[PDB]
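**Student:** Chain by chain, the residues:
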Amino acid sequence: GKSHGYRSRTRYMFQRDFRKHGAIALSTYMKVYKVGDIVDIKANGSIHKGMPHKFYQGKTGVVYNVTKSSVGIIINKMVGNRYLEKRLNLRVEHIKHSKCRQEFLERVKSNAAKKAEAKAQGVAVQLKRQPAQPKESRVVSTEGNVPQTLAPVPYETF
Amino acid sequence: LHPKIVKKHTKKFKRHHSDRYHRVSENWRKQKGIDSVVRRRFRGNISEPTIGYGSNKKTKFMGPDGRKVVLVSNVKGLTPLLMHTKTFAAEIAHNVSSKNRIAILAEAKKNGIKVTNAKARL
Amino acid sequence: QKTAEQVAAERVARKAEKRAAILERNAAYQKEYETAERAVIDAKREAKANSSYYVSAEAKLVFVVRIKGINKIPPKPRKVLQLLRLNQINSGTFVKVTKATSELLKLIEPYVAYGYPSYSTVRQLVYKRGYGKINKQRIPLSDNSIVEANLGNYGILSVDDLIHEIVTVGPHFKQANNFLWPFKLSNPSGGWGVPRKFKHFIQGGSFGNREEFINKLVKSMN
Amino acid sequence: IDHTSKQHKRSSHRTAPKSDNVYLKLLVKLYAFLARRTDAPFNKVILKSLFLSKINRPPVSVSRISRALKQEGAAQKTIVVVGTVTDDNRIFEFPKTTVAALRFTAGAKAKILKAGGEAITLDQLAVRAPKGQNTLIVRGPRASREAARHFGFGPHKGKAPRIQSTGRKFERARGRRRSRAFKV
Amino acid sequence: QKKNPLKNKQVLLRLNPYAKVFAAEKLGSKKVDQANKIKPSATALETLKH
Amino acid sequence: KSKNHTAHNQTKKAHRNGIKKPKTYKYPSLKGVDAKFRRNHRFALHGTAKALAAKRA
Amino acid sequence: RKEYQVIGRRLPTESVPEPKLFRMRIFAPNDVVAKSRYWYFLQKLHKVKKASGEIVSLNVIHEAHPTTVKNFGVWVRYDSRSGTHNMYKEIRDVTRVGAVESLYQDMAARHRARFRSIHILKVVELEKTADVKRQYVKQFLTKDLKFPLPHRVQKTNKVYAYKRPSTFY
RNA sequence: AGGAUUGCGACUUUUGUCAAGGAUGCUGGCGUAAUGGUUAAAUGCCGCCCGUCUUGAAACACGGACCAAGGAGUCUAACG
RNA sequence: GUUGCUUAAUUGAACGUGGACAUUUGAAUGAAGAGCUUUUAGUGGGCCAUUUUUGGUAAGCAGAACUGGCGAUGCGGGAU
RNA sequence: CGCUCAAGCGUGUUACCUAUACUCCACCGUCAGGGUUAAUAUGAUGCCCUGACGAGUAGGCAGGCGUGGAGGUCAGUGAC
Numbered sequence: 002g003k004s005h006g007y008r009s010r011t012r013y014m015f016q017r018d019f020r021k022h023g024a025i026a027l028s029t030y031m032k033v034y035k036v037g038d039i040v041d042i043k044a045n046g047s048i049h050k051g052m053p054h055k056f057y058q059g060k061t062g063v064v065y066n067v068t069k070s071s072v073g074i075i076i077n078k079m080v081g082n083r084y085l086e087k088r089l090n091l092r093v094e095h096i097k098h099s100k101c102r103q104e105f106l107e108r109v110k111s112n113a114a115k116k117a118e119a120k121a122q123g124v125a126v127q128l129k130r131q132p133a134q135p136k137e138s139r140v141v142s143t144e145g146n147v148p149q150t151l152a153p154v155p156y157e158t159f
Numbered sequence: 005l006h007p008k009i010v011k012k013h014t015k016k017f018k019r020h021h022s023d024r025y026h027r028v029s030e031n032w033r034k035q036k037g038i039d040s041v042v043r044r045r046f047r048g049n050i051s052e053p054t055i056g057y058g059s060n061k062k063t064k065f066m067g068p069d070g071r072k073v074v075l076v077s078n079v080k081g082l083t084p085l086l087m088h089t090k091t092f093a094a095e096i097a098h099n100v101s102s103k104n105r106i107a108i109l110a111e112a113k114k115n116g117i118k119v120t121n122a123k124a125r126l
Numbered sequence: 020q021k022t023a024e025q026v027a028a029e030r031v032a033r034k035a036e037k038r039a040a041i042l043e044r045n046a047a048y049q050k051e052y053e054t055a056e057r058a059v060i061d062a063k064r065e066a067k068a069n070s071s072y073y074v075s076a077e078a079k080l081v082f083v084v085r086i087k088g089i090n091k092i093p094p095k096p097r098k099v100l101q102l103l104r105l106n107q108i109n110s111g112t113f114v115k116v117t118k119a120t121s122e123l124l125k126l127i128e129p130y131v132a133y134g135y136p137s138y139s140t141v142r143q144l145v146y147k148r149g150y151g152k153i154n155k156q157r158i159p160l161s162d163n164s165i166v167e168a169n170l171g172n173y174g175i176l177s178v179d180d181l182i183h184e185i186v187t188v189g190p191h192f193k194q195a196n197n198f199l200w201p202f203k204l205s206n207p208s209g210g211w212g213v214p215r216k217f218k219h220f221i222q223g224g225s226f227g228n229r230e231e232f233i234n235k236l237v238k239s240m241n
Numbered sequence: 003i004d005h006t007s008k009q010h011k012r013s014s015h016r017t018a019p020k021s022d023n024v025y026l027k028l029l030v031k032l033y034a035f036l037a038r039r040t041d042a043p044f045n046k047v048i049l050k051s052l053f054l055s056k057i058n059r060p061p062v063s064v065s066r067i068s069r070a071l072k073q074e075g076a077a078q079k080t081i082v083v084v085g086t087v088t089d090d091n092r093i094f095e096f097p098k099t100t101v102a103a104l105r106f107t108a109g110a111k112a113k114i115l116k117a118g119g120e121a122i123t124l125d126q127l128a129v130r131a132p133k134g135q136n137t138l139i140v141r142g143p144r145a146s147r148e149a150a151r152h153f154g155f156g157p158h159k160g161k162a163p164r165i166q167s168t169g170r171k172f173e174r175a176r177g178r179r180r181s182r183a184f185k186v
Numbered sequence: 313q314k315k316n317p318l319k320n321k322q323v324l325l326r327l328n329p330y331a332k333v334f335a336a337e338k339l340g341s342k343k344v345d346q347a348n349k350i351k352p353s354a355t356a357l358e359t360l361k362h
Numbered sequence: 003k004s005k006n007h008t009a010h011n012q013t014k015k016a017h018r019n020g021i022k023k024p025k026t027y028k029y030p031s032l033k034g035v036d037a038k039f040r041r042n043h044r045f046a047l048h049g050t051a052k053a054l055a056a057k058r059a
Numbered sequence: 004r005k006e007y008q009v010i011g012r013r014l015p016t017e018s019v020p021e022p023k024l025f026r027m028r029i030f031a032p033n034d035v036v037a038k039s040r041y042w043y044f045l046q047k048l049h050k051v052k053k054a055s056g057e058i059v060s061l062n063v064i065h066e067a068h069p070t071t072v073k074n075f076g077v078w079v080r081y082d083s084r085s086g087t088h089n090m091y092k093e094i095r096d097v098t099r100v101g102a103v104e105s106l107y108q109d110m111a112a113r114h115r116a117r118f119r120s121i122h123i124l125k126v127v128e129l130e131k132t133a134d135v136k137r138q139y140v141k142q143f144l145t146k147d148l149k150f151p152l153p154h155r156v157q158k159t160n161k162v163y164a165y166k167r168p169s170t171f172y
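Protein chains in written order, with the authors' numbering: chain AT, 2 to 159; chain Be, 5 to 126; chain AF, 20 to 241; chain AQ, 3 to 186; chain AC, 313 to 362; chain Bb, 3 to 59; chain AS, 4 to 172.
It cannot be assumed that every hint is accurate.
As the list claims (entries may be wrong) - EDC-like cross-link-like pairs, simulated, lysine to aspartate or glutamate; straight-line CA separation at most 20 Å:
(1) AF/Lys-125 with AS/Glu-57
(2) AS/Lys-23 with AC/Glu-337
(3) AC/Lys-351 with AF/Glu-65
(4) AF/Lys-216 with AF/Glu-231
Simulated from the structure, these hints should not be mistaken for lab results.
Start from the sequences and build out the full structure, keeping to the hints where you can.
**Tutor:** Below, the structure written as structure tokens:
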């Protein structure tokens, strides 16, 4: 018969690491989680309680509830032809902060500074992000940089 | 200056295997087949009736004269077509008696209304 | 009824003022193009004297043409053709060249041929086969009163002023290009210069980047 | 041709009424003229509501009209219903008001005109206010209908099952409680 | 009937009022240019020819 | 004799109708949340109702 | 057939400004093919590609004396079905571009080698009648060369003829 | 194609004129089987026999010698 | 500001009162209108192609993966 | 069929043939977006303007053609 257990096909996912077995560092437990933060998920082979199902390895979601040792995270998943809301309850050992939202908050503060500074001086801001534009024209100096004439080599047996 | 009539497709739409078998009449009927080639449109076969073959809206229901025909059974039925000679022609019915045709044809020629038939047996 | 007869004399006088504004602007844009070409040609001669190589600025504008027809197209390149408004076979647009827009062209390169146009091919396309999108509805660009009514808020008070934004690649290229309906071109009069159409320009076929030779292909189709 | 959207698509809206009533279509012609001409948002709303069906035009109770008058700064506004106006016997002090509607009941006619009101019809309202000035449109409750409770039934929706009769011995035991197997 | 600006000319002159001034002075020709210097090179012809 | 399983014309069916996002709302559904937190949260919203009522005077 | 010059560079990266520059004498039909074949041969030498670099110059190299007969000596690497082989042919042509054109015809005729599987290594114009080795070229380098052209034929645009024609010359 | 006028313009010293929001001008022959319509044959190219079950039928798969009339989702009790 | 939660606490945490900052609605491209509800038909024997691929000596054999076709589809080419 | 410095094999450079595909115009239908009885005869269900699209078995909806009887109406037609 076909096998469809809870930890099926999890030989390499919940495998620990190379030279990082045993106990966990204490910074994992010290981190704070308020209702609203975005967090990526990584299962840990050593800790067996509050462990995620294989599907949610590498997924990202918002925190909705907090308790003693765990945090409630809602994750949207695809099924059939329609997205569904799902509620998880994982312990602190598996969860870590996301660095995707991190860069957005840096952009909000910098744009506020540029608008406030330039309005009392420049009268021209340009705050929308520019895609990588093509080149402008220039001149290359050949003084002590004369072109080396190449040619395709003939075939040899190593 | 009246628009010249173009009929698009003058040939009659015959039903498939009308000439082959006697019981199949020449009145048009759509093929509902799965092996049928007339439904699927193969090269070198009969055409089917389609909305693209429809006539011009300027010149619809007009004959060679450029007049829309109206059926008349009596003299009182001629009174719609008094001031509409260029646009509306007449036609006398088959069931009308021989002497009553002379009654209609007399007063029809007074007002200058063209009758398609008549002629008039003689 | 009355005074509207006198308005016929009035309303004509205000359009005489606008024609002077078009004439002076067209003279200014002629002076921009002639100085742009002469500055680049002389700049090469400046560098060549001092034992140096002038490298030209990369193309800021590119024109795409749908080569392949419909059906048997995978979903990912079919989606990108839908975004660039090349739904039908033989269709034009113009694309503002960036790093992001260049990656779209990589996905759909077998189904399109493209290159850098000039102030000549662009002039013919907007006159001969130019059509504007005005509350949906593919309406022609017969008179310049139509262009001022819609695109009066970003300057662009004429047909040549719309052409100026496409060639120079101004700040309102995104609005001005989207106003134009894609150019429904005919098949080329001479031919494709090939036995087979699907092999890439450099090997033998038609598709892919051709740089300077797109101008010849379009004028035959125009 | 790469068809992005569907071709020869319908508008998905009632253009004209399905009813063949003579007097209703006369009222449509009047408001259809105004909606094109006037350029007043009021007229385009009433044009839509005349096309609606019997379910989409629910009845407005006279107590519902009395609540809208208690709004802060809306005492003398001509309240325009588009449907029927029924009488209600859960209220006493109905004030002196002006109302506009298609139909009025026999009870609701007496309740308004006793206080000293003005039971007006939509054509008479159009003479006073072409653009619709100092008006106040009211619409009755859609989703309190007996068919509405049965839509979207399933686990665990909290909706009513379609059945004839009535209490116990009828859709109670297995699959509705933990004692007998499970609670849905 | 949409005409065509390239042909017909009255439709051309309905657009671009500058078409008189372009055609009269012959800007599709313009003499133009210039001595002072036919102005030469240095070591470009050695790399080019080789 | 019979064919077992396939996933042909399956993703093609799904993209005909939609493949849609889950809407989202302001004020999300407060279910599966700590019961001790909710009881105190009720008394906070009851007390602040008295505060705003007294201000409007 | 022209004889382009393609001078590349590599990018002016931060840490190492001013790259070394590299030159090649590419043969191609037009400007677009010349830049394609430049990056092809450069990729078999240094760590570069079209993304990590740029073209500096594109120049056509016309022949110095194109109305004079010359004896060229071309080196070639080409790929057969089994493996890859080196060769040294010799051509008697008026230009370099004309000589290289005739080589691609000769390789395709005899060895069934296409354009894609032929590497032009080096083309050299030879000086003296002595350096040339091949006999099929040395036939035409002799003192006072004369030969007739036997068996001439005509070419009528018309179909029929009333003479019974001759092949005299 | 369209069928009073309305618009944009151009050339005009001016009135006006114009290739400018779709053909007007001048001339001849015949006024009927001449042009067209249907119908039969000949000539060029093309065209397998319908209906049906099937992944798939011209099929060496099933029903069909021929013609006429008859011949197959109706009514009811509870219902959405 | 709010409390029966939490704190050594005059801390914290949730939900707030009033306040400051709209060209520059803070990447590209497109938008054929957007979102939503009820109701009911047929279907639930499939098959072939380019790559990925398991059994098998192999098969116009059996069995999966990703897009595209035929089935439901004529038309020009591959003689057919 | 016949072809041998090809009418064969490899490669190059031009002209030319041609699909219900592409461009442009005529007409048909479907769908959308507008304008209008302000006395102003004839269908407001009217009378116009502008733009896009058109393959299809199983299936669904729309608008019409005909047959036998019933109520109304053309003082309908008929031993001529």
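**Student:** Assess, step by step, whether the Cα of AS/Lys-23 is no farther than 20 Å from the Cα of AC/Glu-337, and give holds or violated.
**Tutor:** Violated, at roughly 50 Å.
**Student:** Against the 20 Å threshold, does the CA-CA distance of AF/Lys-125 and AS/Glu-57 hold or violate the hint?
**Tutor:** Holds, at roughly 19 Å.
**Student:** Does the alpha-carbon distance linking AF/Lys-216 and AF/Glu-231 stay inside the 20 Å limit?
**Tutor:** 18 Å, holds
**Student:** For a C-alpha distance cap of 20 Å, please report whether AC/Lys-351 and AF/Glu-65 respect it.
**Tutor:** Given that 20 Å is the threshold and the Cα spacing comes to 9 Å, the pair holds.
In summary, the one numbered hint that this structure violates is 2.
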